[PDB]
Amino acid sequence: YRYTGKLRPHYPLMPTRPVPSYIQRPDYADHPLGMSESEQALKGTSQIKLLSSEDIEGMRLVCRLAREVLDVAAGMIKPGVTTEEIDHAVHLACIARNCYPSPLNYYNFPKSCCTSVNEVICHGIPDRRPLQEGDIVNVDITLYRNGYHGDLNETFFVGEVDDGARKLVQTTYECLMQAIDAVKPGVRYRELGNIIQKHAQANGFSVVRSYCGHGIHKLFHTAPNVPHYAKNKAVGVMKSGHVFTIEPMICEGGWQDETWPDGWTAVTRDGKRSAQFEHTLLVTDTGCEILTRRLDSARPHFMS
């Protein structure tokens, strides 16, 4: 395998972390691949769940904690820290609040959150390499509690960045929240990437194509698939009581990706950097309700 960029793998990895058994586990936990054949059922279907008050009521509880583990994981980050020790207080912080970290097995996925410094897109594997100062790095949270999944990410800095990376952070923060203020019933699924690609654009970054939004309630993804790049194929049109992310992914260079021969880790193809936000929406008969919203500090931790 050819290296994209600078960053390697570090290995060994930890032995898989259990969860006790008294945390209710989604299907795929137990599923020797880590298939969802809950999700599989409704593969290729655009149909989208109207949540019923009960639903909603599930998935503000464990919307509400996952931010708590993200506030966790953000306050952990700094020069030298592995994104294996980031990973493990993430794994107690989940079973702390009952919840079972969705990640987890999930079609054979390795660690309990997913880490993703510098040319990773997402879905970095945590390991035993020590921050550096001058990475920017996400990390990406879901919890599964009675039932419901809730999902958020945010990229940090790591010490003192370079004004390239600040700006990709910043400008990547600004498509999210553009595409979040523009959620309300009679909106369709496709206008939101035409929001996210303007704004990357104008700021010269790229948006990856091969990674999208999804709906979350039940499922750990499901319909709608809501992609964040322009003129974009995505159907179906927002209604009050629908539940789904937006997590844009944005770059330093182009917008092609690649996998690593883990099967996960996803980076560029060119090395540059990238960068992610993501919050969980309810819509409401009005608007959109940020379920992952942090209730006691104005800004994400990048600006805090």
The other form holds:
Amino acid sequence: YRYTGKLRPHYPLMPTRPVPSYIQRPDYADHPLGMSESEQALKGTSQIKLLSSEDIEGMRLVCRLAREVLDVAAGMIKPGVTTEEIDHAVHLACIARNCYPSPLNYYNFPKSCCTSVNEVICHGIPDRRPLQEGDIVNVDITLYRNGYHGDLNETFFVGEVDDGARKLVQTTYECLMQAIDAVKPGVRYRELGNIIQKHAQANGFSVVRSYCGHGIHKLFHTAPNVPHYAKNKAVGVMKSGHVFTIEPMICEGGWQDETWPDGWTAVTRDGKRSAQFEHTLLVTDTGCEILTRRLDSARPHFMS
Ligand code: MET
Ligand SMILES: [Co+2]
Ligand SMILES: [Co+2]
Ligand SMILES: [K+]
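Switch from the form solved without ligand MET to the form solved in complex with ligand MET and give that structure.
Below: every chain and molecule of the assembly, starting with the one above.
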């Protein structure tokens, strides 16, 4: 394997961390290949669930808990901390909240969160690498509580970063929020990528095409598929009671990605940096409810 940048995996990884049996587990948790039978039964379907009142309450709770766990991770970001160390804290924080860390054994993913540094577009595996001053690092949190998943991520600065890091992360955040600001009943899912790509390209950046936002509720990933680039063919129209993520990945160079031998780590083919932000959104009668927002503070962590 020819690496695309300076980042390398730092092995060995700790043995997988158990989750106490009192915590409710998603179907894939005990599947030998981490397949989700429930997801697989709906593969290829475009139909989108209209959440009940009970569903909405369940999503509100799990997404609030997820935000709390991301905030725990945000508090740990400093030069010298390993991504494994972040992940262990996340794992314990999920357990403390009576939640299962959704990524754990999801299609055999080995850890409880995804940590994506510099050229990693997404799905980085926490490992022995200490964070370096100047890095950017994304932590992506997903929790499972009472049958519901809640999903969010933010990119953080490690100590002092360069102007390019600042511009990339700021623009990415703005892309997410411009998209969220457009969500309301009657808007086509395909419009979001037009908005994201417009702002990205105005700032000299590209939009990852291989990964998309997703429906989430009882399933971790389901309809709708929500591309973040322009002129996409996504199927569907927002309606009150729809829940889905928006999770744009934006790159300093070209948009092309490739995957490490680990089968997970997605990296820029050019080795330039990428940044991401994610919220889980509920479409309401007039707009949307940002289920994974901060309740206590105005801004994402990188502006705080
Ligand atoms: C290793 S599964 C991680 C998935 C990621 N949280 C997402 O937003 O889809
Ligand atoms: Co996520
Ligand atoms: Co997601
Ligand atoms: K990154």
